[PDB]
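A single chain, nothing else alongside it, follows as structure tokens in the form deposited in one PDB entry.
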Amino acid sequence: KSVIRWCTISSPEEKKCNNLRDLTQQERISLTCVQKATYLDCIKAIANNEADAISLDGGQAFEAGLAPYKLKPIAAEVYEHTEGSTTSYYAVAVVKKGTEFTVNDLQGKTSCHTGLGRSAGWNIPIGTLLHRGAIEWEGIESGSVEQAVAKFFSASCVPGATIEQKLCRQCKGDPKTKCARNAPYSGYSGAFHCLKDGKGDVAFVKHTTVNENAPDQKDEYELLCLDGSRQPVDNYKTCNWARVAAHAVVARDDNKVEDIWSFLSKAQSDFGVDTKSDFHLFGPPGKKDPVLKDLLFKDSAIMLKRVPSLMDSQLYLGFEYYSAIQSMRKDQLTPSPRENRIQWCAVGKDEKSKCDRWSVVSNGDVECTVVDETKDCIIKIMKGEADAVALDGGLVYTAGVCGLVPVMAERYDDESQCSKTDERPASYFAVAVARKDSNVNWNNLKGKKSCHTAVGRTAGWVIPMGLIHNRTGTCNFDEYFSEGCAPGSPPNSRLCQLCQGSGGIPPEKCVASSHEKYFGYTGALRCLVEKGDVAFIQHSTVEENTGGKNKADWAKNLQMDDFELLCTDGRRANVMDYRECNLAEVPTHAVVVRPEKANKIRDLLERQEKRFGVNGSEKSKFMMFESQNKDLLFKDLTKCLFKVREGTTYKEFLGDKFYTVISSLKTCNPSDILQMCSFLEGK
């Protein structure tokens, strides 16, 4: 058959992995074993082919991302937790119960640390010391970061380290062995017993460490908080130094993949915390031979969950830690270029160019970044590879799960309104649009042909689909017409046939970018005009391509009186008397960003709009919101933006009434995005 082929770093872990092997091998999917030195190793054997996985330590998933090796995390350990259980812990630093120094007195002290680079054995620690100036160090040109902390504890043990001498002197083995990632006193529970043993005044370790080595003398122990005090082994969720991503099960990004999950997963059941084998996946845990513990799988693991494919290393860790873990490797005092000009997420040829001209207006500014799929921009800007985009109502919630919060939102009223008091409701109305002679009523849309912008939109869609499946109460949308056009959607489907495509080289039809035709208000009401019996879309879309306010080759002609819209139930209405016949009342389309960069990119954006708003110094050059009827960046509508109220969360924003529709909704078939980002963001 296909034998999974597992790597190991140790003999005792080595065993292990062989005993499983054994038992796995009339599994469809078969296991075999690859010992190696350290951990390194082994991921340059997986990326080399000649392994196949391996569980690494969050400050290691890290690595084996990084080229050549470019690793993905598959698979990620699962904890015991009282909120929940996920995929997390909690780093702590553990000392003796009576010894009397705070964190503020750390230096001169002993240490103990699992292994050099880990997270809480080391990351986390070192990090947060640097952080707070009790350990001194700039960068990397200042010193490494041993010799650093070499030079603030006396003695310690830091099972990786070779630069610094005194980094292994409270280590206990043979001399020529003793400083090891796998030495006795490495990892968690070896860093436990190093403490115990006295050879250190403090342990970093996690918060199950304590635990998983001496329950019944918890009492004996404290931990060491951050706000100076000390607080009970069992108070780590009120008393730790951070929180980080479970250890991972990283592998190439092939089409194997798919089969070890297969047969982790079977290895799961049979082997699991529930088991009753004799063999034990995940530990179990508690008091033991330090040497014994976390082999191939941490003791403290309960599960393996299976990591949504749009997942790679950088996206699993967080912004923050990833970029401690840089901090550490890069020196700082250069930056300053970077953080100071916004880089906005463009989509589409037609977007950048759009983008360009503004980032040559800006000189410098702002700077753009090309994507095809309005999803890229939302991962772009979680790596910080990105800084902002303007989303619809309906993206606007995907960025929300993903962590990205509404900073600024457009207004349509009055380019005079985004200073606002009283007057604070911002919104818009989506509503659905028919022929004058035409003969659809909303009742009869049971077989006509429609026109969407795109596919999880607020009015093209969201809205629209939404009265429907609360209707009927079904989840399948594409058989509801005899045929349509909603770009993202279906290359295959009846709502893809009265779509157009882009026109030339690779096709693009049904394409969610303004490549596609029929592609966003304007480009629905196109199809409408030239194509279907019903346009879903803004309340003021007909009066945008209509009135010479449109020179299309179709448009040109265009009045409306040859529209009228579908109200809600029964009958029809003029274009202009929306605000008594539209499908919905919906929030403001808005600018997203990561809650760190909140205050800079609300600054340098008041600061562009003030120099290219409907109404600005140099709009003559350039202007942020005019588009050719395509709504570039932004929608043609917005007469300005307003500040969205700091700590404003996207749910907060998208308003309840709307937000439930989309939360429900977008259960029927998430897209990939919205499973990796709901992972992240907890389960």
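Just so we're on the same page, rigid core means the largest C-alpha set that superposes within 1.5 Å between forms. Residue numbers count along the first chain shown, from 1. Compared with the form deposited in another entry:
- Only one entry in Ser327, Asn441, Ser154, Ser88 has its C-alpha moved by 2 angstroms or more between these two forms when the rigid core is superposed, and that entry is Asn441.
- Put the two forms on the same core and the Cα of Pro73 is off by less than 2 Å between these two forms.
- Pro406 is not among the residues whose C-alpha shifts by 2 Å or more between these two forms once the rigid core is aligned; its shift stays under 2 Å.
- Relative to the superposed core, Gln314 undergoes a Cα shift smaller than 2 Å between these two forms.
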The other form holds:
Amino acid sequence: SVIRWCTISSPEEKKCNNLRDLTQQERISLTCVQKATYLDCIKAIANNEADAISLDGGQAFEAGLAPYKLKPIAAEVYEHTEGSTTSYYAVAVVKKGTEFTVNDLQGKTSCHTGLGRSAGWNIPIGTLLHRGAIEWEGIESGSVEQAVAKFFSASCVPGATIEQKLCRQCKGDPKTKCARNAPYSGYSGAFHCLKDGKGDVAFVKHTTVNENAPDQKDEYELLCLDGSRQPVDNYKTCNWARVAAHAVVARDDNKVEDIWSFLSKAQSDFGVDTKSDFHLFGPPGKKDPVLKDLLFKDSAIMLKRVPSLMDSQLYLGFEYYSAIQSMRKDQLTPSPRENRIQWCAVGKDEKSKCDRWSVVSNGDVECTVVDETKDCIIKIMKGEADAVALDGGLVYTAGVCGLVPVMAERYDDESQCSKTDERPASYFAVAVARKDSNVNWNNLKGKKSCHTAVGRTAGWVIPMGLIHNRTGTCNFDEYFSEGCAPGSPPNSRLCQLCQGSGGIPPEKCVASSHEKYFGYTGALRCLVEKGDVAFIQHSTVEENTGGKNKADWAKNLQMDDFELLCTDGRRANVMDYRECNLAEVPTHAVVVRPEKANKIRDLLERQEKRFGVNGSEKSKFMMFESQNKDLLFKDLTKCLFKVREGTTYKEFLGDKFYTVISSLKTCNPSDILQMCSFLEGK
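Return one more block: the form deposited in another entry, after the form deposited in one PDB entry shown previously.
All you get below is the one chain by itself.
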């Protein structure tokens, strides 16, 4: 196509154009739209007049807000000693020998990169708001601009519309001087501000003294939040925050595909290892402040692509996003919560059981309904729901996204969740077949398979990881004729035995209880009315036979109709899961953000007293009851036990299990796993 990069200063526009000419005879090409501001570029990308632009984390928060809904497409990478992550560190630079601490900043003069930028404004002013030095309570006590103008004696905050005091130390002419591209703008202009004696403090990133005064580094210090002062190189132990990198945003559409093609071209041709006169990232030399950080920051070394599930809210993190909002609303007022556990139900039957839970607890629990169980993960990460109970396979995924197992399911007896005088708790993964059949473990190829869902412990992680040991492929779709493994791609072989809903919009091969064949009992039902194997839990056959499941298909079933398949030998008795299983796996657990673990552990124990297996109001509601549909919780559950504080998903899951998912993930990784893997490697 011709990618329309938006620029915001006449030097940037000028660089934009040298790249138009070096790419002018290529497949993906370029134009360089120049507007007066970065917001004027956000509007032009939202109105199809330009296509891309790289924005500071605080401006990436604005681009993602409606009407605009602009997405993170690409992210800058920085030289890290850890790795080379897509984040940087905000630091506050002062001169060696001035005596003040972070506690003495009142009355001083300050130099900021820009109003609303992360290191230059959001992190310092938000941090001072929270320590109690800048006194702001919420928008009803003034703007943040008025609150800072009473703290600092004069500042240069190139962006300030309201207070004139924030433009007083700025350098340049009577109109242009307090603009976002003025000489004292950006990380280096704010550094020159300090170097020229105009600020006592400069709020910049961890690389700024090295980008503008490398031999003069010994004349400068950093202000640490513990009251101390350290050297400019000790930023890793003396920073104010680690923030998300600057990111290339764009309209969420087909053009995205080309914006990355173009950028991966110039990364390869014009990067850090280049020999041309065109440098895309840099070079980071001492230079005029106005020629610094054009189009991309001089500190970038390459671009990394953000996975498509991401949105600004998700890119910036819960802690930082919640900070930019703080500075837009009074604290008491939208902040009551710790009295209500917002549970996340998946699909319609789980929505029904949760609304009764919410009616019968006179409100102590409320419900969010989603469609897939990956949506619950995202809702909890964003602070829009608080807990959900997930399977061992799906706890791995939440564990990569930073959620923690706070309570887990105990499948044996009711009194056993009070334990000193025993520890552990697990269930078993199993291969079930009908006794008439010819199939055994090694006969398993080219057959029909029934799976609880793609992604889950017993019905996919254990079986596919043993078929992946032998097969050496991540194409289990070619290892059967067909199956029903809900959640797979809709037009494949593992979708064909699946039935769908009643059959109204029909929804087959979906990962909720709308699909007939979903979960442990839906996959016994697949074995029974259509397939060769059912990859299930050890008790799925006892629970649905001997007359206990009173549905059509299950009315007549007895446990003599089936047999297990051991990794090898025989076929075995369905009640010998101990000796003929595929694995002993950890149980299902409730996973929450680490800071909400206290509330919901306590709010959930109150709830099981009233509706647990020996609840006091069982009569109205029993929590681990669903009609063999394992709604909200598994039906086998006798009680729920507390998982000790500071337990990591890896420790809960066990090392034996931790290994298996870290084998199948070289095979096709889900879009949620990839997104969260960008954030843990951020």
